[PDB]
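Okay, here we've got a single chain as structure tokens, the form deposited without the named molecule, with questions on binding and movement later.
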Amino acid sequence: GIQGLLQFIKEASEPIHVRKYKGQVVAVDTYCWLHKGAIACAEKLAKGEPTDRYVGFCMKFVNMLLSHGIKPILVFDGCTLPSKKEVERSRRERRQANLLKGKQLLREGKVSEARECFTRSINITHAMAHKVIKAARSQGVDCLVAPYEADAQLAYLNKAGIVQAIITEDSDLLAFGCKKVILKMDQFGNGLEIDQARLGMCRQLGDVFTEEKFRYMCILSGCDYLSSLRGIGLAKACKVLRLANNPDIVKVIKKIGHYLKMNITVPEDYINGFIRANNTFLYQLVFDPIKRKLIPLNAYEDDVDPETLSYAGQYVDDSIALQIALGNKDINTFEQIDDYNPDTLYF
């Protein structure tokens, strides 16, 4: 994600307990719990041997949330964006490669190194997430599978006012324009909260505390949608954005070599990549649980043609998007693997 974003806006953080959100609703990036839970199932998941410990982990955190009168909303990732469509495949190659090395170093007899081999092949499927959805539904906890990246969905839930805060371990949520983000939360409730309005407390940020400029800075620093230019981190991006005055971000990027006193000429693909990154942060498709339909994260502005934003997610029928959101329809095979109906969050 955004490289060390937390350390740059340290002064906008505040240590809290989840009791602060008693009688309210918060959205949870369930992946951060699912992963940690799946760590203790490394050899079991790699062996193909059944296990339900990550379920108990996620439900430990969820029950911890419920104990303080909080209404948690578990949000999961859905279809992979066309941008990261290949990087995922690479990660899969490395996955089953380390699975190969794992099963080979297991059969060798030395299971000592298998604790480094089998754990490098852990892969969060959608059946595991679905198990978590079942367990959470057996407690009255609403779930929501994002059409694509969970970050966008969470950001929408927070922006709309459906949830008041977001529990996650990813700093990219701030780039999506979230208001309140709860980070580093443990199994008790202790975590660092970062509020958007508090962004101005950071002196090293300058006038780059507004949503748009902050986003531009996060992108220029280096994100998952676009790698940063050589020698360009958070400090550099914040610097050039502070020294910039021209509303046209394209001209600023083209003149990045002037403001930083560096020898940096912008590749043609970097400009387009920046435009696509910005448009991905702005208009990635999310699921509106109230209207039960597929909408962009933000409403399209005046100078944007939605026909060009296929990389930000493809549109499908609202019924199918609903079946995906409920976790009924499989992400890959589009088969009906469940039959849940919220009429027998989705009010």
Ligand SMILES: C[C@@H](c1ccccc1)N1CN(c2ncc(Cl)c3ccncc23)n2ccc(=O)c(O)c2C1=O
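Throughout, rigid core stands for the largest set of C-alpha atoms superposing within 1.5 Å between the two forms. Positions refer to the first chain, counted from 1. What changes on going to the form solved in complex with the named molecule:
- Among the residues 140, 109, 267, 231, the single one whose Cα moves by at least 2 Å between the two forms, once the core is superposed, is 109.
- Shown in the overlay between the two forms, fitted on the rigid core, is a CA shift at residue 119 of 2 Å or greater.
- Core-superposed comparison between the two forms: CA of residue 162 displaced by less than 2 Å.
- Shown in the overlay between the two forms, fitted on the rigid core, is a CA shift at residue 87 smaller than 2 Å.
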Given for the second form:
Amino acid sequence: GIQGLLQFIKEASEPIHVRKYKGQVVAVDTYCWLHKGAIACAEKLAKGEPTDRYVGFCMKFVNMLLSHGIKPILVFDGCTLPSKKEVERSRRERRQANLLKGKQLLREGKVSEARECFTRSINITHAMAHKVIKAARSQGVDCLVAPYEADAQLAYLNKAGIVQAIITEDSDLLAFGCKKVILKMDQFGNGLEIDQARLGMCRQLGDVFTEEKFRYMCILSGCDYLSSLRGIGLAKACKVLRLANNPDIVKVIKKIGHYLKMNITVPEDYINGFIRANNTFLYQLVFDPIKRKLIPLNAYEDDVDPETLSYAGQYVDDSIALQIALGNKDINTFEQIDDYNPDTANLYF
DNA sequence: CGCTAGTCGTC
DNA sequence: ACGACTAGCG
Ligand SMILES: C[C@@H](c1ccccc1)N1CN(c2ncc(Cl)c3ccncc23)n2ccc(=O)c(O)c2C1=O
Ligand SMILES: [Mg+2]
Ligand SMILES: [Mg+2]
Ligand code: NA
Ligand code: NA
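I would like to compare: after the form deposited without the named molecule, may I see the structure of the form solved in complex with the named molecule?
Full complex below, order starting with the chain above.
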């Protein structure tokens, strides 16, 4: 998530009820719901005991969207981007560290502090997501596992017009150019909608309301694909882009210290890391479910060599991507764990 | 004083 | 991993 973006653009937000989307399609960042579901049964999942509480939690939200006449499309995270492989294994280590600390606290009589530790010791596996997929498909709810980050797939579904809004706790969806994003939605259907159109209402932005300029601001402030330079937040990133009057973002970043009157010599790796973050937001691979084809989020522009963009997701045969998308092919082991076929029975029709 | 980043507390 | 919120910094 972009740190503190919701507050900076608070004027573009409005409180809504999901009733607003009766008769409309809405995609969900379902790993947000699986994580909260797995918190409610953290003590059992950590010890390896069998539990399907996280399934009922996601279904509580799905059935609520269906009650108000919304067609939900549950989107799941797929493979890890090459650049994020070192961080996800580091996260597995920190979860296994809290597994032993939670156990130690249960011995010391501190049951409530141990119950809190277990909530930060759970790995959301593709097996857990497949249980949710099977429960959602019984109720006739379409599910789509993204090839890589669900953030990019959700952005595709909205940009294509397949879905009119995205339900998520991640503000990166706005940096990805989503038209309507619904944050902080509770089990009853109440949440905050941020419309890209209403970014004009934000006096803090100035002219940093276009997709390209708004994306650059989020990257400069500190994004998932790149930490910011020290002392740069949304306010200072926003300031740099308003003052600069040059389309080449690279020349603006080299002269960043001049615009802010700050002592910042930008390193070699920050310029390239900015280009990679910008390329991941534009060209990260997604699955077109109607045509059943793996494609970049946006069609390649100007001189952008697709052979240099492996960090934004590697290509695989469309048949492999279809099997990942239907939840049949396990993300980690690439083993077929199911035989679902949409043609032998809709998002894929 | 505006802002950014480090500490306490929780889904 | 999320945000409240606060201190301390430029
Ligand atoms: C795979 C998916 C995912 C994994 C498990 C549970 C919840 C979410 N992630 C991973 N990651 C995470 N986001 C949120 C939470 Cl609460 C996480 C908890 C544990 N481990 C990773 C998390 N993350 C970070 C920054 C992002 O910009 C982002 O898009 C994701 C993201 O979607
Ligand atoms: Mg994500
Ligand atoms: Mg993200
Ligand atoms: Na920052
Ligand atoms: Na300008």
